[PDB]
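**Q** If you want the building blocks of each chain, they are given just below.
Protein chains: 6
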Amino acid sequence: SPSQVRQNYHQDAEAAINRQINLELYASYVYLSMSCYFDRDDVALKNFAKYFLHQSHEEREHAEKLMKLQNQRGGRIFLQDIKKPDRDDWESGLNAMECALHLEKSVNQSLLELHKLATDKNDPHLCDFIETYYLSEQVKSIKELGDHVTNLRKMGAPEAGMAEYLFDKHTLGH
Amino acid sequence: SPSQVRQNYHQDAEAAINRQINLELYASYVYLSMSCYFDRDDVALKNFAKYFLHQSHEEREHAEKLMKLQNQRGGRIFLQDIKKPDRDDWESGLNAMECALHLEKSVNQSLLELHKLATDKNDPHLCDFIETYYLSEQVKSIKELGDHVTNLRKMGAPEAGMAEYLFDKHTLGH
Amino acid sequence: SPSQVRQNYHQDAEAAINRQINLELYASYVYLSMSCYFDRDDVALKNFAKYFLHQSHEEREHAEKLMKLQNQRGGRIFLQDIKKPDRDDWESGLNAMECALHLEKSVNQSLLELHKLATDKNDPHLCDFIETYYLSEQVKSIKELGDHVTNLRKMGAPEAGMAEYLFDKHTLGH
Amino acid sequence: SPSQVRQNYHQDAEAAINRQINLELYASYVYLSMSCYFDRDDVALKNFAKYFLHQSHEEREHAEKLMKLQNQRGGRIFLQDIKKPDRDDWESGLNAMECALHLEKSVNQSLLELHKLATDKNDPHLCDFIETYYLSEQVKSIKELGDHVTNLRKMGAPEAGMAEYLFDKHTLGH
Amino acid sequence: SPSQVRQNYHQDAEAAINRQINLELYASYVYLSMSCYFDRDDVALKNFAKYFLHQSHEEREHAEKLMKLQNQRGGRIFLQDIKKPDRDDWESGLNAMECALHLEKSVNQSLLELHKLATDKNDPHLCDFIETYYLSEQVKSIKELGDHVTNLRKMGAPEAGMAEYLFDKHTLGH
Amino acid sequence: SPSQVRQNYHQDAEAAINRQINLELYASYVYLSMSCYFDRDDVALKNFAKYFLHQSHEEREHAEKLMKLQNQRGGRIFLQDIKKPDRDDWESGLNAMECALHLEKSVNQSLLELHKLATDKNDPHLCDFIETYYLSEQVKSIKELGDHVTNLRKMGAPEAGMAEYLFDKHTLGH
Ligand SMILES: [Mg+2]
Ligand SMILES: [Mg+2]
Ligand SMILES: [Mg+2]
Ligand SMILES: [Mg+2]
Ligand SMILES: [Mg+2]
Ligand SMILES: [Mg+2]
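So the sequence lines, in the order shown, correspond to chains A, B, C, D, E and F. Counted the way the authors' numbering counts, the first sequence spans residues 1 to 174. Counted the way the authors' numbering counts, the second sequence spans residues 1 to 174. Counted the way the authors' numbering counts, the third sequence spans residues 1 to 174. Counted the way the authors' numbering counts, the fourth sequence spans residues 1 to 174. Counted the way the authors' numbering counts, the fifth sequence spans residues 1 to 174. Counted the way the authors' numbering counts, the sixth sequence spans residues 1 to 174.
No lab work stands behind these hints: they were computed from the structure. Accuracy of the hints is not assured; some may be wrong.
Since the list can't tell identical chains apart, any single copy or any two copies may satisfy a pair.
[As the list claims (entries may be wrong)] SDA-like cross-link-like pairs, simulated, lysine to any residue; straight-line CA separation at most 20 Å:
#  : residue 1 : residue 2
1  : 84        : 150
2  : 140       : 9
3  : 169       : 156
4  : 83        : 23
5  : 84        : 144
6  : 84        : 19
7  : 121       : 155
8  : 83        : 156
9  : 46        : 69
10 : 154       : 115
11 : 154       : 95
12 : 83        : 22
13 : 46        : 10
14 : 65        : 88
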């Protein structure tokens, strides 16, 4: 019954990795939601919509790397339902950015508990994997979103009106 | 309250399009499941896994075209939960292909009810849209999967063993 | 017994499409006839013969698209005899052009009854197909032949003699 | 007396298409008017003037496609007077954009009545034509103008003064 | 109230230039009419239709240069209705050419009264403008149309029938 | 009444060549039939369908060379009905190949009687023509089909199931 390729892969880890897969697919669905919002004809911020559409595609690629890992180690993937996003209508460019940042910190929090459970089961390949592909880029994302939120607040979003518009063109529009 | 760009777009259609979006995202999740299965170390059919991974990416692109349509016409997108796939373990290459085909016919059935409701509300742009981008490629998909299922059955899958292996290399491996 | 790929394809349509296939193959045979006539050593209008030979090849390509359609939808093709053309000897360049035009209108008339029967069975993919590939180019053909017949009559074909000759070089000879 | 190429083309449609031609030429004249306004030495928004000049040229190209259609089907074109635009002086960038949008919806409304009259006379080629070349791009225009009006209002046009200026450079100036 | 850029621009000239704009737009509409006529399925002279379509596009470009001039000098543009062309059906290639020539002489006559009114108000820039861009090319047009009318009459249009046909291919078809 | 270019062309030959034209058009229709069969969604052998579609196009080119010959020698072409193929459904890849081979031998048999009748009327150009363009390639076709039938039988078609599938990819799929 155990996989021919299975070696030093504890059950508690296999279960934790399945939960992290469901968490990345759900983040991917949240960015997709926001992207729909900024494409609305009475919000109309195209560069915001392209920005979150890209984040969406990147999160779906994190889920699939984890899907490969779990097959390489001889664990089995058990998919669950992907819950709908907290809300449909996201108010403003600055409110969507602050939720993105809150979301991205929670994904980060779960990877750090994942890493703490692999260190305490003595699984070095799994740890190295999380470190090399997840923890580092998750810290670059948070820092970037932290900077976007800072700039928008300074320019006086959302009360200013010209702030998101200029932000859309200069910072997100390359 | 009604969108500035809204014109000849009945409520019953806006609701139908939201349900079709949830149906494409769910198909996308089912292909993703199958792809995980053929990558398993004790199934090991790489060209099958690449085939369904591509179908997965294509269905997620159908959902996003529909997301654009609904914004262009001034309707609003209301995302629901995406339910987990019927099963986790898909038996064989021929059983996965027969379920793919059964799935793809149900997506087709819902587009034909969508088109019947747009014709009976007199919405010509919505009809043209469904016809030009959905109904045609949905018929090419079904015909292709119908042919794959036919060949596999003839070569004697799944009892033969060499049938999926050869099928994987010649028909799916370009 | 019913095809695995068959869906929303009424028997009355499958029968109508078979009759339209026989009608395109017969048109293809009529153009082939005319082309033989203008190659005759005592008619001798080479650019007329090249013109109808091309129309012949185009009609045989319409029949084969319809042959593909009927297989994609899971209907079955039932070929009949192709009847010989009304006549062997076609008098003149202007008489051959007026028969071509009368022929091309009858092909058009049958596609419009085909489309009226698919709309009344609720088959949207079949309708879109006929519209996108048949009705439009059938209207461009009729308009072109209508213009050729007009010019020839004006220049005084067939009594003039120099009219077809000049027509052969300037309008049909690029 | 009836055209040699005429087939399944009802009189009521020929009359409707003539009225739609006069409607596109009149829209073309309105955009030309606005373009003159933004070139005025005491408005001075060059990128607005280039934007409406282009819309003007596009509408004159819609009228000529319809002029071709009506000749291909063997109807006759009956040109009327083109009435002068509602006003000469258009106040602001945001007021010109809101009138453009109101205009573009009325052109859309007339194409949808045109399509409803071709469906009820059973003219499939005419319907396909309107759908494929008019209804789709008319919906992309409305959505775009809807977005421009939204942005300008948000930035605080016309009271702001810097809003149109920045809008002219970033959104319309490529 | 007077424009900041206005200098040596008499009211009587501003009014004359507005009337010349309406005259070029009306000529543009007349050529458009003729072009529709030669595209008719029972006239069928394609190179005649391309010839007048081009003249149409050129006249619409003369109107827009005048629209720029009037803005550069700080006058205001007051658009009127564009009246429908004298007739719908233009008989023959030679009759359409003789009306084109009569039209083009009347446009010329109005530019010469325009120039006589700018010389008698002492406006040198306006005079130079009319001379450099209008009077010269208006004389080349008349001479060309004069030559086309001469040739057609000689070959025996419209009684000959082969005359317009050959004319269409050799003189207008490059 | 006799053609100006007619020389040493006996009536009995002109009649024989007309019958051979009808025989090539009928072979062309039979290959077209088979090609439709292998494109069926429950046969599904694409490389077989491409193979017979090509043979179809080649036979229609043999008929047209003969149509040219008969015009060059000053005979007249008298087209007959093209009869429908013996059957609609062709069982298997090996059964279709054995009928193709039986068909291709009968075409060969008629060319050899044609050549025997031209030698006994003393028509050397007609003989050379048949020899140089027909008899040689007809012998290469038969030998090829003879080899395909041999291989399929050896691999154990049609009972094997994997035989046609592999044959489709290696021998017919280049
Ligand atoms: Mg991640
Ligand atoms: Mg789809
Ligand atoms: Mg056709
Ligand atoms: Mg339009
Ligand atoms: Mg001029
Ligand atoms: Mg042959």
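**Q** Confirm or reject each hint.
**A** Structure-based check of all given hints:
no.	hint	verdict
1	84 <-> 150	neither (28 Å within a copy, 28 Å between copies)
2	140 <-> 9	between (29 Å within a copy, 15 Å between copies)
3	169 <-> 156	both (16 Å within a copy, 17 Å between copies)
4	83 <-> 23	both (10 Å within a copy, 15 Å between copies)
5	84 <-> 144	neither (26 Å within a copy, 29 Å between copies)
6	84 <-> 19	both (16 Å within a copy, 14 Å between copies)
7	121 <-> 155	neither (49 Å within a copy, 38 Å between copies)
8	83 <-> 156	neither (34 Å within a copy, 39 Å between copies)
9	46 <-> 69	between (36 Å within a copy, 15 Å between copies)
10	154 <-> 115	neither (36 Å within a copy, 37 Å between copies)
11	154 <-> 95	both (14 Å within a copy, 17 Å between copies)
12	83 <-> 22	both (9 Å within a copy, 12 Å between copies)
13	46 <-> 10	neither (46 Å within a copy, 26 Å between copies)
14	65 <-> 88	between (29 Å within a copy, 19 Å between copies)
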